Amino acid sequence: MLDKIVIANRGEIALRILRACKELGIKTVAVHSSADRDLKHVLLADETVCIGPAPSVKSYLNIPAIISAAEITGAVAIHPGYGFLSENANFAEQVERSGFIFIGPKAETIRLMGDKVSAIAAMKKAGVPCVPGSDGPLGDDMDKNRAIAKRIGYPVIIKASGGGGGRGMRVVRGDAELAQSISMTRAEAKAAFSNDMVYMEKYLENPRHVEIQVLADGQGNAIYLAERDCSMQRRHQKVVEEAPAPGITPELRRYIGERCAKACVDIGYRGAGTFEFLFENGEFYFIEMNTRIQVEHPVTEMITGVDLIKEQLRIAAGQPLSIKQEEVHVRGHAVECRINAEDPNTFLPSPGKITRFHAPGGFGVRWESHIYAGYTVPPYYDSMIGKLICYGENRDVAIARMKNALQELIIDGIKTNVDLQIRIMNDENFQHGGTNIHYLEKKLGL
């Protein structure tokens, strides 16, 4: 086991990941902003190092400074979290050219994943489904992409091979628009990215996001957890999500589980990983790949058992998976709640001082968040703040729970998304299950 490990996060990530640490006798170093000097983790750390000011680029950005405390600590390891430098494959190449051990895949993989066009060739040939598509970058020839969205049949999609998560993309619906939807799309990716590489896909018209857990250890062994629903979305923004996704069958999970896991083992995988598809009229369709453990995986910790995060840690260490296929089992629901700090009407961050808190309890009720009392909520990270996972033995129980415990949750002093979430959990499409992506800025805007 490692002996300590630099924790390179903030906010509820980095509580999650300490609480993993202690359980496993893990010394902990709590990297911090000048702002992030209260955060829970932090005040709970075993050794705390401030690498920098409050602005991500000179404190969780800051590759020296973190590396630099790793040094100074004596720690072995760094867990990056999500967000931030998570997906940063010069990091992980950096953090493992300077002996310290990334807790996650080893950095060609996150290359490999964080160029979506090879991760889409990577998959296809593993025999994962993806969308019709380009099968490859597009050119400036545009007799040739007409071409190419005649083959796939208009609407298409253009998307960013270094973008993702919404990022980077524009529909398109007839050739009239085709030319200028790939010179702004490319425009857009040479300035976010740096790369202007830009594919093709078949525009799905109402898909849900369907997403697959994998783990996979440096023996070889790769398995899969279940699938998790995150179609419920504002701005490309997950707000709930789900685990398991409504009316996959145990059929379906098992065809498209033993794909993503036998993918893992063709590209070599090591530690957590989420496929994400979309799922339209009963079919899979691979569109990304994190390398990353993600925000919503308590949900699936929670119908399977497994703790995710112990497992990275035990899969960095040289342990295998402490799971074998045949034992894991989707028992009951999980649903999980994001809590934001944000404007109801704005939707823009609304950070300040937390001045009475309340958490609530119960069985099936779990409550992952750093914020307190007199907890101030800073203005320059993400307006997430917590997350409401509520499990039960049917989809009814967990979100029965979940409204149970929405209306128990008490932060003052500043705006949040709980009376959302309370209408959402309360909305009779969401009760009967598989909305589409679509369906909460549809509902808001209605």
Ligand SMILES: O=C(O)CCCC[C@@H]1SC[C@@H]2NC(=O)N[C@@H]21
Second form
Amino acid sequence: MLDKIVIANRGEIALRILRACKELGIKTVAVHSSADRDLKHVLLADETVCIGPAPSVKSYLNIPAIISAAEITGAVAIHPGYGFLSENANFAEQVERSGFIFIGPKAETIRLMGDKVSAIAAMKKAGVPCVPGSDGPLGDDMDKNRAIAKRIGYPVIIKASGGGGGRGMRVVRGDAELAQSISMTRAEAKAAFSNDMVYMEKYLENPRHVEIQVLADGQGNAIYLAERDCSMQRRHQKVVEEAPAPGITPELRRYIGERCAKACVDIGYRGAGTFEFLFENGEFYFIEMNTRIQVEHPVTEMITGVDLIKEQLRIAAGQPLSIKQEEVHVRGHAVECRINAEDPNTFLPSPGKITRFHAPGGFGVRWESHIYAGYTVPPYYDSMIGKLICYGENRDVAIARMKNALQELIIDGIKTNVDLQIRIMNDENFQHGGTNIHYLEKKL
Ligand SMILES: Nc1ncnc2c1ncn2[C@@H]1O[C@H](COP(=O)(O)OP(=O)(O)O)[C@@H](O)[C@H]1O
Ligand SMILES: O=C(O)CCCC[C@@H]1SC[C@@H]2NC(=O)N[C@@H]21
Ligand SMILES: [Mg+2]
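Any chance you could show the form solved in complex with this ligand after that form solved without this ligand?
Now the complete complex, all chains and molecules, led by this one.
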């Protein structure tokens, strides 16, 4: 095992990683911004280094500061978690160049799958089903460009090739009105992620978001660990996730799973990753791969027994996969509710001091959060402050337990989305299962 690692993240995921490290006897170095001195994982870590002031650009995105901390503490590896630099290929390259293990894929794999156009091209070659689309960047030649939309059918979506948020997304329905429809997306794309390149694919109108968890050792072994349904979304951000996806048969699971594990071998993937699909009329359509741990990884852990972070660490240490495909079994069902420090109706972020806190407990109840009473949620970072995960022998049991756990959870002093989550668990269509990616915003 790795002697000592830097956790190059914060909040709940930093704590999640610290726990895995402690279990495996790996020493921890918590690097943190000056605003994050009081983070639970910082207080639990073996060593701590303040890497800069509060803004992410000066701390968690500060490559030289993170490397320097890893060097001075004598760490051998860096776990980037999710967000921040986890899918920054230049960071992964630099970490390895500086002589460290990067707990993630090779930098070239990150680049391959981080550019949507090269990603889709790689997936088609591997035999992963994709959304019929432009299969390349968009050009001003409307005589062949606007013929792309006709070939596939309307509506269509304009997506940024370096996009990953509420920017670089544009819904186009009109045939003639496309001589300036590509303008709105390109402006936002260079305004956000400094890359104007955009592509076109079919806007699927009744799809679910179904994604496949993979693990690969980078030695030729690759497994899939069932699927998750993450269809409950607001502004394209997931709110509720569950595993396995309702209605997905063992045969559909193996069909898509086998293709994802083959794609891993084909691209030389190393570590944890997730293939995201739109699922409509019994067909999967690849949209993107997250080349990192997934936020909602706990629901997969609950239904498979596989500790995904510990697996990332064993892989990073050069161990071949400890698990054969035949040994991956889906048992029971799990639901995750993201807990966000934001207003449950207007969604104004709600940073501030938590004056009273009580975590839910019980059989099948899992609570993933750094928050504690007296802790101040800083304004500088993403609003997700915790994740509540409930497991049961079936989906109805998991939901029942979630309803109860959400009622037990106390977070006073700030607004949270707990009231929204309660509403979702209470929604009759959610309870039936199979609601599409447009449902939550329609409900709201
Ligand atoms: N072709 C599409 N048709 C309809 N909705 C889409 C399409 N592509 C993406 N979306 C919506 O955007 C979400 C995120 O898409 P994704 O390609 O993963 O972008 P990001 O990098 O921002 O996560 C999806 O879960 C889905 O709700
Ligand atoms: O505070 C931050 O900015 C770090 C976490 C950011 C959220 C990341 S972005 C990738 C992943 N997907 C999500 O829906 N949330 C995390
Ligand atoms: Mg995505």
